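I would like the entire structure built from these sequences, with the hints used as guidance.
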Amino acid sequence: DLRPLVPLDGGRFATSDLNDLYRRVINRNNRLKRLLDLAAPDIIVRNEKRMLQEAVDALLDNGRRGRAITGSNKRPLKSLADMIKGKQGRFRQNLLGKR
Amino acid sequence: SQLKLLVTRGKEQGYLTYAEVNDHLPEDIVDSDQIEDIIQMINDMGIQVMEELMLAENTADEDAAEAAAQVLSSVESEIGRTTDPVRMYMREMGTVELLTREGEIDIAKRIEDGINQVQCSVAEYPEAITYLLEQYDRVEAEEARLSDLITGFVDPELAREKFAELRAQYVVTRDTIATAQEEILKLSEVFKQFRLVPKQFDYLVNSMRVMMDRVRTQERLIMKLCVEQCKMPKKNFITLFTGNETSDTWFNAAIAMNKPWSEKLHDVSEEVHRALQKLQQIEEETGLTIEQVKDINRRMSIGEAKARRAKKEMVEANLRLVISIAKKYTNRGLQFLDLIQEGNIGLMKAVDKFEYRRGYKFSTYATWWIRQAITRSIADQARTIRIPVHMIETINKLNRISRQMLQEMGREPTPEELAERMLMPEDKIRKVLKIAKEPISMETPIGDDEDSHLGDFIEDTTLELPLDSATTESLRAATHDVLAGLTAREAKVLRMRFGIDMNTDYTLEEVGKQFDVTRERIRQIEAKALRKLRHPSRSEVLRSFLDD
Amino acid sequence: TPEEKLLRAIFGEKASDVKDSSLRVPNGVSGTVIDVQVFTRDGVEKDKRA
Amino acid sequence: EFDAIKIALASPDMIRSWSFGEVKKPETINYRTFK
Amino acid sequence: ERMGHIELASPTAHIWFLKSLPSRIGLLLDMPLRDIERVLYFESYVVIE
Amino acid sequence: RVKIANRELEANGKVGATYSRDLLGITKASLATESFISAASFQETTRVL
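Protein chains in written order, with PDB author numbering: chain X, 248 to 346; chain F, 7 to 58, 65 to 166, 213 to 235, 243 to 613; chain A, 896 to 945; chain L, 16 to 50; chain S, 100 to 148; chain C, 1284 to 1332.
Hints are computed from structural coordinates only; laboratory data are not their basis.
For every residue, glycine included, the Cβ atom is placed at its ideal position computed from N, Cα and C.
Check the hints yourself; a few may be wrong.
[What the hints assert, rightly or not] One side only, chain X facing chain C, incomplete, derived with CB under 8 angstroms:
no., residue
1, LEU255
2, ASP256
3, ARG312
4, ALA328
5, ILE331
6, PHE338
7, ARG339
[To be verified] Covered by chain X, per the in silico footprint, the following chain F stretches (three or more residues, Cβ under 8 angstroms):
no., segment
8, 396-403
9, 506-515
Structural data, given as structure tokens:
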């Protein structure tokens, strides 16, 4: 209920980007588990570990190591760090002055 | 370096514009990504960069200032420093040789011998052949599918007689345990003409691995008790333990050594005798010695590693192949590297299923498997609300018959028209085209004044309004009043029958057991009380809670 | 819930299986209804007033 | 009610103690019955 | 209020403690930043005793 | 801090610290704040946390 997926008018849901980021971390983590239990060619395993690291960093603070990913609609997905910081964040805009 | 003068220039002026940053860069910095990252360095420290009363603030810093300055001084020499995944992978994939022009068949022969070494290694094992005769008898005695043991060979009934023949040969091999060596070679050469089911073979291999693990664990129980606790000496334990491996002299005639260490193993003496009897007993549980099956699975792991160290090479080449193939879906809602990873996994899949026997070139078939697995993973993990793969295929054929029906019929498809041209019942097509659309992001920038987002207007349909909680506490008070106007019979039985000011509302029998009366009396009492409550002077206050 | 339960079991007014979500005039607005337009999905029975 | 706000890193055992269960699959909900 | 946890099959550096400038990981080990991010992405190896 | 410490030492028999008063700008006198909640409020939050 902090990263909710809510039914809109017309059945087209609405989701916060944290679901995208958690999903990208979870797929890559499951694939790393898969490749580890296949004895895969270790260059592919290196790539999986690198991608999982990049995913965890997009999840923790997007646009802090490389370029913001991505988003699905061509705008930088916001992550937990974006949920805290920023003029339009959480410490400022509903924490100090609220409706 | 020159960027040092650039940083001090920005600090002098109090800013830095894109012109000066484009000037003062390391000339052969051809990488726009490290360009962006180095300007993000010079900005993340502060000064702030721009492109053209500039009195706001500094924000930083004496701690991160020298940090970013150090990173800049280093990055002045950062030659091969792309530092992003998609380019690092391309680097380390093109760096490896593309040494594959019908050397695939040589690699395949390597695998062929390596997979036959594991075959002969297992097939030299007595208890596994016992397991195989077991499963021939069970699969022909209806324990599983009739071919649930073998993947063909180099025919139900002559095959059952073949397996009876193999059973006779192996059981006489067991009968003639020197004399046993020639008969086990008989065993090996007579099984060498067969071919098992890879699942049964897999359990075979895993049982060999459990053999290895348990034998090494009893190795640990022998050694660590003295070789790791009493500090049993290394080379003497070597030349005595391995070299004897059977008799009591390795331990019973070694406790009589009275050495500085043989005066240390009387503690574990009976424990290592348990280990000795377990050695000889597991030799029975396997049928043959520990050394024999040990070196058996050793050479088998040799052959398996020999096979694996060639699939590595061909997956290198064919992973260049996969980066080739994958680029047709860069805008399918999935990351490019994730596409390449699914293609790599499918490539290993096809490499273990590629065959030279058809004489087909590798690429056309591995790309078959790769397109399969990549479209699979796209259909699987490209959408938050997972629709199954068949639904994705159905929406795809709907879309493909939609562009066609648009370019032909001029105006637009419609569910009537689509149920015409497609073979669906005019309503599941409705739900399909309802399903296809993506959840809009809850951080969509709304067209408002406050920089508002779509997540700020999503109201709450589960909350009960505080007029509707103070219209329930008022009701609780009203019912407690109107029940107080009543005997303990009616009050207790109504609080108990319903959930009023109590835990779970009981049925009639529980109320009766609390009142020691039968259920029909309870029904009469509660009906009496409700009758009493129905009239005004007991109903006016409750009824005002009914706006109906 | 409870005692709401008892207040519906006393006066016997059933719990309707339908929720009210009708379109009503805003608060403060007061004007004649000068028009009504009804659109329907294709292949759905038009009511008496459509 | 509560005095000062303490802060630190998070031990993996502490992060396992926060959680009420692992998350193994990337599934949000069903597409027909939205449970 | 309930939280979950994903069990990373491989470790993963906290980007806050690798790009905090100074890198807390980096300045704790006294290993400069580019060396850390070069052992990170498997560009190199680092001995450990 | 130095005021209270060297004052309670002056009450003692030990020589206090000879301080020298600095002078900062408002956007740096605010940067140094005891409570990390407020500091995360009006500063770079990632650095503060």
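Here is what the structure says about each hint:
Annotation: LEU255/X was flagged as interfacial toward chain C, and the flag is violated, the nearest CB pair being 31 angstroms apart, outside 8 angstroms. The closest approach between the C-beta of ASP256/X and any C-beta of chain C is roughly 35 angstroms, which is over the 8 angstroms cut-off, so the hint fails. With a cut of 8 angstroms, the hint placing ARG312/X at the interface with chain C is violated, because the nearest CB-to-CB distance is about 13 angstroms. The criterion of a C-beta within 8 angstroms of any C-beta in chain C is met by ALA328/X, whose closest approach is roughly 6 angstroms, and the hint holds.
For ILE331/X, the suggested interface contact is upheld, since its CB lies about 5 angstroms from the closest CB of chain C, less than 8 angstroms. Among the interface hints, the one on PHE338/X holds; its C-beta lies about 5 angstroms from the nearest C-beta in chain C, closer than the 8 angstroms criterion. Among the interface hints, the one on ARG339/X holds; its C-beta lies about 7 angstroms from the nearest C-beta in chain C, closer than the 8 angstroms criterion. Counting residues of the segment 396-403 of chain F whose CB lies closer than 8 angstroms to any CB of chain X gives 4, so the stated coverage by that chain holds, three being the minimum.
Under a criterion of three residues with beta carbons nearer than 8 angstroms to beta carbons of chain X, the stated coverage of the segment 506-515 of chain F is upheld, 3 such residues being counted.
Against the hints set out earlier in the document, violations occur for numbers 1, 2 and 3.
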